[PDB]
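So this first bit is one chain, no partners, the form deposited in one PDB entry, shown in structure tokens.
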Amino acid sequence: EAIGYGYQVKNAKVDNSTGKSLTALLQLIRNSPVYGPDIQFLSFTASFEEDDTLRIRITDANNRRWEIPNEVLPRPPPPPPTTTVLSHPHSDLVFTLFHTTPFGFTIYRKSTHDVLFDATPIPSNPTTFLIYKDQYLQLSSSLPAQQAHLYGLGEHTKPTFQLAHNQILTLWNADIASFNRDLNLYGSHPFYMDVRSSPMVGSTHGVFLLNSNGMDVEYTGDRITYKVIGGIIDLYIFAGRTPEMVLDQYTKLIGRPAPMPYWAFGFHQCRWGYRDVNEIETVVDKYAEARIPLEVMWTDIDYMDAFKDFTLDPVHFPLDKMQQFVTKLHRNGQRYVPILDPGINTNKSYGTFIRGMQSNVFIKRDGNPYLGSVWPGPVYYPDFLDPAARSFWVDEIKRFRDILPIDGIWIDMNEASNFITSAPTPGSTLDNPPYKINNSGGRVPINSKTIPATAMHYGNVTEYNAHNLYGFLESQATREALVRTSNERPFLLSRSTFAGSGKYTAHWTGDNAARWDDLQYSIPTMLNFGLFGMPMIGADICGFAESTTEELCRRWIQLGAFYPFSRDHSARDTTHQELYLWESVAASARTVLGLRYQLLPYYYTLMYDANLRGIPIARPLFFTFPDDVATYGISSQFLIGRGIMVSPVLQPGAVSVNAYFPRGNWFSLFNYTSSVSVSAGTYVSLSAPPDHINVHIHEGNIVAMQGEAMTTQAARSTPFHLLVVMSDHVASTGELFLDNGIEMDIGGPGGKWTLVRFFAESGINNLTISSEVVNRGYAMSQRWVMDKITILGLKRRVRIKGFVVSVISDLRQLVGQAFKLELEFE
């Protein structure tokens, strides 16, 4: 039998007397036994959510099906031959329903007529049909192969940021190490961005399937096809047309990136295997002796009593010593983050288990708590869809925090990971689904090393449907526990994620390896998590698995000092890799962490921008240069903010790197006299000695920096130095957001914050540098001072009333007081 026969339009109508939506009823042409029962009648709606977002929702006309609950991911409710067209005068997107047999639909741009999503079937080829079976949804669009450049569909390790043609991407959260290319990893993000090189260069849109079920997405260059094993089609198309606008639109739907406290941009140290409190104190002390900044010390599962959450090893990490350790960190302006796993050990004398049982908080299967295996041995898993389990989790965190202060939490193993695979329930098509997704690259059963699909959650929800939400739900509950126990802005790092997780948590790339490949893989993954609305992202510096080398670690701290989340972490069976252990690594770390710390106000401003509009901190070159098609395929360079580009060495033995430079003039942030100037964008062979990484700022940008220091608190008390990079063709601008670094509501109505905008423009004989300030009172009360301005990008010197560098020193200006400074040429 054929896979399916598709659907015909039975009726369709655009609702008059309203900002139009379109409603249609589809009927199945013919049943097929392949992949299980076809849904006979579908309700099909297309509607505009905003002018820039089109929503296409396809459900069973006669029965409710699983959808991600509104409480989990709040969003506007669904709307209340021949073609049927839907358009709005203030929308660029035009929707068309084609009454062919089988039927089709397209979305195109009113302005350019470019077709963005084309689900018109090829009548002879059922692989192109919409097929809608209880456990097999198939939706396919053709694509213009050479002109469509796609990014996203995480989480997967790949050597390229742009998706390669001819691959299958599987979304099924799994405890599979990120050192493995291609395989489905810890998170599922069914979003892609499509940048078109033609007809209008840089025209971008986004496509999101809001569905938490397992799926395979097959991309062959001229087509992309979703093959989803449950749920509904609830497809959102975001009009763009710039890549930035796409992410603003996408995060408006899934949630804005959470704000992060200023200290989370400091350097973090962790290792699986630290043996006792004396060892972690020694590591903190050695960082200080090496003069390498260290902001946060982390403890992995070693700190627990026999790997049990909410306990301390009474021999190796005794409470009195841990309390002294944390008090000392805090006296020195440092912070402490411990790990938590979701599985609760089943020991009848363990207080956490006793309380979990009393509140009936655990996931069940066959009516009994589901017994998994993780680090402490036998565990039950809290059901984070159950309000009682969330209350339990809040209470356990409160109890532990009351005994040992903490500054944030790292939540791991929350796919959920299970070290055993349970036998499938006989006869269940959930544990034995008719279509097998490409789990682990080998069509491995979905229950492998996780909680079985037939396990049940609050509201009679199956693990089959809710699996991909577990990590996301635990992050919501964990952030709530932190907010309920401290008035500071919280900090959370989570392994497993789903679309929307960025509203609650940071992420890291997971179990990478100390390999040169993985050093490079960290860049596409960092860029992808920006697109996923999770801009606080990084990889374990020097590599988690396998022993690192001096050279790899030196090149990795050079790159990793620029990740939004910068942490050295390592597995227990490997050589130690704290940055002070090799002199060449330590010397490089001091240099690059020095620059990162000077850039703290800039990272923090970019965090504020990400929370406001979804724009990532670490971004692809084509976010700033979308009209430059040469940037679309770059995977080994990235921007921090608009105009700073990092071009790392990624090969052993190299003392140069061939790096792409977009049109214009670029200046090294490590030596302002070193510059690159290109006309048409091109590759430049940058010198990159063992102790150096290339980081350049482009003309047209102004960045406010503060001084180096050993802690971010100390850094905030230093003077500001403004770096102004002039351009011959456009005025230069920049922005600085300031608050106390820890307010719950960032930029809220309380007004405990200031936003400064900087401007600079050259006349024929003068130069004006100025600022404009919103809420001057607050920055004034914080005493922030701008004592220097450096001006790059001109070929003549300026003073107060080849390229040269002009420095205006001794200013003593309050950052809170708007200024206008007039300079003259020499």
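Heads up, when I say rigid core I mean the largest set of C-alphas that superpose within 1.5 Å between the two forms. Positions refer to the first chain, counted from 1. What changes on going to the form deposited in another entry:
The comparison between the two forms, aligned on the rigid core, picks out a single residue among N31, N766, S781, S770 whose CA moves by 2 Å or more, and that residue is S781.
What's the form deposited in another entry like, now that we've got the form deposited in one PDB entry?
Single chain only below; no partners, no other molecules.
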């Protein structure tokens, strides 16, 4: 038989009133034995949530089906031949319903008529049809093959940021090592960005399927097809038209990226396998002696008593010694983060287990607590959809934190990971679904090495439907536990994630390997997570799995010192890879972390931007240069903020690197006399000696720097150096966000912040550098000082009343005080 026969439009109307909407009723043409029971009647709605966002919702007309709870991801509620057209006056998006047999729909741009999403079926081809079965949702759109450039649909390791043609991307949260290309990993993000090179270059939109079910997405270049194993179609189209606007629109829906504390941008050190407190103290001492900045010390499962949460190995990590250690860290302006797994060991003498059982907090199967296996052995999983489990979690964290101070939480293994696979429930189409997603690249059963689909959650909810939300839900609860036990802005690192997770947590690429391939892979992943609203992203520096090498680690710390989230972490069965162990690595580290720390106020500003507008910290070249199609395909370079570009060496033995430069003038942040000038965008073979990493700034930008220091605390009290890069084509601008570093609600009406804007422009005989201040209230309260300005991008020197570098010293200017500084040429 045919997979399905599709739907006809039974009726359709424009809802109207003050706010336009489109309601239709769809009817199944004919039933099919393949993939299970067809939903016979569908309710179809198209509606505008904002001017710039169109929502397509397709549900069973006669039965409520699974939807991501509004509590979990709050959002505006659903609305209450021949064609039916929907369009507002202030929207660029036009929706059309085609009463063909089977039916069709499209979304195009009012202005350019450029078709964004084209779900018109090819009558002879059911793979193009809308098919809607209880455990098989099929939705397909045609694409302009060469013109459509697609990004996202996480979480997968790929050598390219831009999605290659002709693949299947599987979304199903799984404990699969990120050193594996292509395979579905820890998180699921059913969002893609579609950048069009033509007809109007750089014109971008976003497409989001708000669905937590397992799915395959097939992308063949001229076509994209969702094949989903449950829930509903809840499809959102974001108008863009810039990439930054798409992410603004997307994060407006799924949640704005969480603020991060300033210290989170410090350098982080971890290792699986640190044997005792004395060892971690030694590591900290050795970082210090190496004059390598270290902000945060981390402890992996080693610290626990027999792999049990909320406990301390009484021999190797005794509480008194641990409290002394953390106290010393804090005294030195340093911080501490421990790991927590979700699995609660079933030990009878374990208080956490006892309290968990009392509050009935655990995920069940066939009416009994589901018995998983992880590091501690037999475990029970807290049901984070259960409010009682959330309280329990908060309470356990309170208890532990009362005894041992912590500064953040690392939540791991929260897919949820399971070292065993349970037997399927006989007869259950949930544990044995009619359509097999391409789990682990092998149509592996979904229940593989996780919690079975037939397991149950609060509100009679099946793991089948909720599985992809587990880590996300643990993140919510964990953040809340931190917020409820400290007034400081919290910090959370999560392995498993879902769309919206960024509102709560940072993420890292997981179990990567000490391989050159992986070094490179970190860049697309990093960029992807920006698109996913999770800008606080990074990869284990020098590689998690496998023993690293001096050269690899050296090149890794170089690159990694610019990850928003910068952590050295390693697996236990490997040679040690702390940065002080090789001299060449240490030297690189001091140089690159040096620059990172000088850039702290900038990264913090970028974090501010991210929370405000969803714009990622580490961004693609095409975010700043969308009109330059050469940048779409770049996967080995990236921007930090608007106009700084990092161009890493990603090959062994290489002492140069072939790097794309967009139009204009670019200046090395490591040596201002080094520059690159290209009249049109092109590759340049940059010199890249063993100790050197290429980092350049583009003309038209101002970045406010501060000084190097062993801690971020110390760094905040150093003088500001303003770096002004002049452009012949446009005024230079820049921005600096400052606050007390705890306001839970960043940049809020609470007002404990300032935004300083810088401006710079050349006259024919003079040069003006100036600043504007917002929230002078808070600004006038702060003792920040600018003592130096450096001016790049001019071919003549300037003074107070081939390229050259001008430097204005001894300024003694308060940052919080708006200034206008007049300079003249020589």
